[PDB]
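The structure is given below, and queries will be raised subsequently.
Some chains omitted; the rest stay in position.
Chain nomenclature is as follows: A, B and C, assigned in order of appearance, with residue numbering initiated at 1 for each chain independently.
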Amino acid sequence: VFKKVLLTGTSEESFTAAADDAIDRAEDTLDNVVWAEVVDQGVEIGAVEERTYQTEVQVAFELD
Amino acid sequence: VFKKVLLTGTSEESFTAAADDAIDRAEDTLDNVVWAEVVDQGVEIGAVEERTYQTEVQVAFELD
Amino acid sequence: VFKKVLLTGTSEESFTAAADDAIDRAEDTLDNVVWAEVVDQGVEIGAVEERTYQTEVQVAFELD
(Lines give C-alpha, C1' and ligand atoms only; values in the text may rest on other atoms or scores of the structure.)
Protein backbone atom coordinates (compact mmCIF):
# COMPACT_ATOMS: atom_id res chain seq x y z
CA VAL A 1 0.00 0.00 0.00
CA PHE A 2 1.26 3.52 -0.80
CA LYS A 3 0.19 6.67 1.03
CA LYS A 4 0.60 10.27 -0.17
CA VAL A 5 1.12 13.49 1.77
CA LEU A 6 0.38 16.88 0.20
CA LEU A 7 3.35 19.20 0.67
CA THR A 8 4.28 22.64 -0.70
CA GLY A 9 8.06 23.20 -0.92
CA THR A 10 9.62 26.65 -1.30
CA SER A 11 12.80 28.04 -2.89
CA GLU A 12 14.19 31.44 -3.76
CA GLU A 13 15.78 29.83 -6.83
CA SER A 14 13.48 27.62 -8.92
CA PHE A 15 10.41 25.41 -9.24
CA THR A 16 12.69 22.32 -9.31
CA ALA A 17 14.41 23.37 -6.06
CA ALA A 18 10.98 24.03 -4.44
CA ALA A 19 9.93 20.46 -5.31
CA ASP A 20 13.17 19.22 -3.73
CA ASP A 21 12.44 21.22 -0.58
CA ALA A 22 9.15 19.33 -0.11
CA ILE A 23 10.70 15.93 -0.86
CA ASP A 24 13.59 16.67 1.55
CA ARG A 25 11.09 17.33 4.34
CA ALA A 26 9.20 14.10 3.55
CA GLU A 27 12.48 12.11 3.66
CA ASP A 28 13.33 13.68 7.07
CA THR A 29 10.26 12.13 8.68
CA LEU A 30 9.14 9.21 6.52
CA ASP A 31 10.61 5.92 5.45
CA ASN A 32 10.33 4.44 1.97
CA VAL A 33 9.58 7.64 -0.01
CA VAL A 34 9.18 6.39 -3.60
CA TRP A 35 7.99 9.23 -5.89
CA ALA A 36 6.37 12.68 -6.07
CA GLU A 37 3.70 14.14 -8.39
CA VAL A 38 3.61 17.86 -9.05
CA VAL A 39 0.10 19.20 -8.51
CA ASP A 40 0.55 23.02 -8.48
CA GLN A 41 3.22 25.71 -8.89
CA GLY A 42 3.17 29.34 -7.81
CA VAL A 43 5.23 32.39 -6.80
CA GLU A 44 4.86 34.33 -3.53
CA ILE A 45 5.65 38.05 -4.09
CA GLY A 46 3.89 40.40 -1.62
CA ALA A 47 4.67 38.51 1.61
CA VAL A 48 8.44 38.01 0.99
CA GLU A 49 11.67 40.05 0.46
CA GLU A 50 12.69 37.96 -2.56
CA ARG A 51 10.27 36.19 -4.92
CA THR A 52 9.70 32.70 -3.57
CA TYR A 53 8.89 29.81 -5.98
CA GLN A 54 6.56 27.17 -4.60
CA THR A 55 5.90 23.69 -5.90
CA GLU A 56 3.16 21.55 -4.41
CA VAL A 57 3.68 17.78 -4.61
CA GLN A 58 1.89 14.60 -3.56
CA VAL A 59 4.80 12.66 -2.06
CA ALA A 60 4.16 8.88 -2.16
CA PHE A 61 5.72 6.46 0.38
CA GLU A 62 5.35 2.70 0.82
CA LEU A 63 3.66 1.56 4.02
CA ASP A 64 5.04 -1.31 6.15
CA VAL B 1 7.19 23.84 3.88
CA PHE B 2 3.37 23.75 4.08
CA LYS B 3 1.30 20.61 4.53
CA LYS B 4 -2.43 20.20 3.84
CA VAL B 5 -5.03 17.97 5.47
CA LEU B 6 -8.31 17.15 3.73
CA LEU B 7 -11.23 17.82 6.06
CA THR B 8 -15.02 17.92 5.62
CA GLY B 9 -16.75 20.27 8.09
CA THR B 10 -20.49 20.13 8.79
CA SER B 11 -23.16 22.65 9.85
CA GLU B 12 -26.93 22.74 10.08
CA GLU B 13 -26.75 26.41 9.07
CA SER B 14 -24.56 27.18 6.04
CA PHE B 15 -21.68 26.31 3.74
CA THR B 16 -19.58 29.07 5.39
CA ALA B 17 -20.22 27.63 8.87
CA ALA B 18 -19.34 24.11 7.60
CA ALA B 19 -15.97 25.43 6.37
CA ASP B 20 -15.43 26.99 9.80
CA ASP B 21 -16.21 23.66 11.48
CA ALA B 22 -13.35 22.00 9.57
CA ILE B 23 -10.91 24.86 10.23
CA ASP B 24 -11.85 24.85 13.95
CA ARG B 25 -10.95 21.16 14.16
CA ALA B 26 -7.62 21.76 12.39
CA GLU B 27 -6.79 24.60 14.83
CA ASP B 28 -7.60 22.30 17.80
CA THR B 29 -4.81 19.89 16.84
CA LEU B 30 -2.35 21.76 14.62
CA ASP B 31 -0.08 24.73 15.00
CA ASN B 32 0.45 27.41 12.37
CA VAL B 33 -2.76 26.93 10.33
CA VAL B 34 -2.43 29.52 7.53
CA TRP B 35 -5.25 29.09 4.97
CA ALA B 36 -7.96 26.78 3.59
CA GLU B 37 -9.07 25.99 0.02
CA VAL B 38 -12.62 24.86 -0.64
CA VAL B 39 -12.62 21.71 -2.76
CA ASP B 40 -16.24 20.44 -2.55
CA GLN B 41 -19.64 21.33 -1.07
CA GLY B 42 -22.66 19.14 -0.45
CA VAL B 43 -25.82 18.57 1.61
CA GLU B 44 -26.63 15.42 3.61
CA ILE B 45 -30.42 14.79 3.64
CA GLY B 46 -31.37 11.10 4.09
CA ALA B 47 -29.05 10.27 7.00
CA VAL B 48 -29.92 13.30 9.22
CA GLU B 49 -32.92 14.89 11.03
CA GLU B 50 -32.11 18.36 9.67
CA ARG B 51 -30.37 19.06 6.35
CA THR B 52 -26.64 19.22 7.03
CA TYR B 53 -24.38 21.43 4.85
CA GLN B 54 -20.89 20.10 4.28
CA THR B 55 -17.83 21.92 3.01
CA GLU B 56 -14.64 20.06 2.23
CA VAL B 57 -11.41 22.05 2.57
CA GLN B 58 -7.67 21.49 2.18
CA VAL B 59 -6.41 23.17 5.35
CA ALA B 60 -2.78 24.34 4.96
CA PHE B 61 -0.39 24.67 7.94
CA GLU B 62 3.28 25.66 8.12
CA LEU B 63 5.68 22.95 9.26
CA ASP B 64 8.43 23.61 11.84
CA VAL C 1 -29.83 2.33 -7.40
CA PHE C 2 -29.59 6.13 -7.02
CA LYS C 3 -30.53 8.63 -9.71
CA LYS C 4 -29.51 12.31 -9.88
CA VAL C 5 -31.31 15.32 -11.32
CA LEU C 6 -29.44 18.51 -12.20
CA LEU C 7 -31.16 21.51 -10.64
CA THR C 8 -30.26 25.20 -10.25
CA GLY C 9 -31.86 26.81 -7.17
CA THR C 10 -32.13 30.58 -6.73
CA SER C 11 -32.21 32.97 -3.75
CA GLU C 12 -31.96 36.70 -3.19
CA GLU C 13 -30.11 35.94 0.05
CA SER C 14 -27.28 33.41 -0.21
CA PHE C 15 -25.62 30.47 -1.95
CA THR C 16 -26.79 28.17 0.89
CA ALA C 17 -30.42 29.31 0.47
CA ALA C 18 -30.15 28.80 -3.33
CA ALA C 19 -29.05 25.19 -2.74
CA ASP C 20 -32.05 24.76 -0.42
CA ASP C 21 -34.37 26.13 -3.11
CA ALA C 22 -33.28 23.35 -5.50
CA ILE C 23 -33.51 20.62 -2.85
CA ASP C 24 -36.99 21.89 -1.81
CA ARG C 25 -38.19 21.51 -5.40
CA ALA C 26 -36.74 17.98 -5.63
CA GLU C 27 -38.51 17.00 -2.37
CA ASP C 28 -41.82 18.38 -3.74
CA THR C 29 -41.82 15.87 -6.59
CA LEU C 30 -39.53 12.99 -5.63
CA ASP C 31 -39.45 10.38 -2.93
CA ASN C 32 -36.33 9.26 -1.08
CA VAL C 33 -34.10 12.31 -1.71
CA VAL C 34 -30.82 11.38 0.02
CA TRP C 35 -28.11 14.00 -0.73
CA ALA C 36 -27.02 16.86 -3.02
CA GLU C 37 -23.64 17.74 -4.57
CA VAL C 38 -22.84 21.33 -5.44
CA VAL C 39 -21.57 21.57 -9.01
CA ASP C 40 -21.64 25.33 -9.79
CA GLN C 41 -22.44 28.69 -8.18
CA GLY C 42 -23.20 32.03 -9.80
CA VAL C 43 -24.95 35.41 -9.48
CA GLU C 44 -27.54 36.81 -11.91
CA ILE C 45 -27.26 40.63 -12.10
CA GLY C 46 -28.47 42.12 -15.42
CA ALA C 47 -31.75 40.20 -15.74
CA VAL C 48 -33.05 40.84 -12.17
CA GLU C 49 -34.05 43.76 -9.85
CA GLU C 50 -32.00 42.37 -6.95
CA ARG C 51 -28.85 40.25 -7.31
CA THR C 52 -29.91 36.62 -7.39
CA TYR C 53 -27.54 33.89 -6.07
CA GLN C 54 -27.74 30.58 -7.87
CA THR C 55 -26.45 27.20 -6.77
CA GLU C 56 -26.53 24.23 -9.10
CA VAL C 57 -26.77 20.80 -7.45
CA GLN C 58 -26.97 17.16 -8.49
CA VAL C 59 -29.78 15.97 -6.20
CA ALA C 60 -29.55 12.20 -5.57
CA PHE C 61 -32.63 10.06 -4.75
CA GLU C 62 -33.01 6.32 -4.15
CA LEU C 63 -35.05 4.42 -6.72
CA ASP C 64 -37.70 1.84 -5.73
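List of remarks:
The rule we apply is simple: a residue touches a chain if its C-beta (ideal position, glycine included) is under 8 Å from a C-beta of that chain, and two chains touch if they have at least 3 such contacts.
This homomeric assembly is drawn with 3 chains in place; in total, the structure file defines 12 copies of the chain.
As a convention for this text, only the chains that are shown with their structure count from here on.
Chain centres here are Cα averages; for subunit A and subunit C they lie 38 Å apart. We define each chain's centre as the mean of its Cα atoms; on that basis subunit A and subunit B are separated by 23 Å. With each centre defined as the average position of its C-alpha atoms, the distance from subunit B to subunit C rounds to 22 Å.
Listed in rising order, the residues of subunit B touching subunit C in the complex are 13-16, 40-47, 51, 53. Listing the residues of subunit B that touch subunit A in their complex gives 1-4, 6, 58, 60, 63.
The touching residues of subunit C, when paired with subunit B in their complex, are 14-16, 19-20, 23, 32-38, 57, 62.
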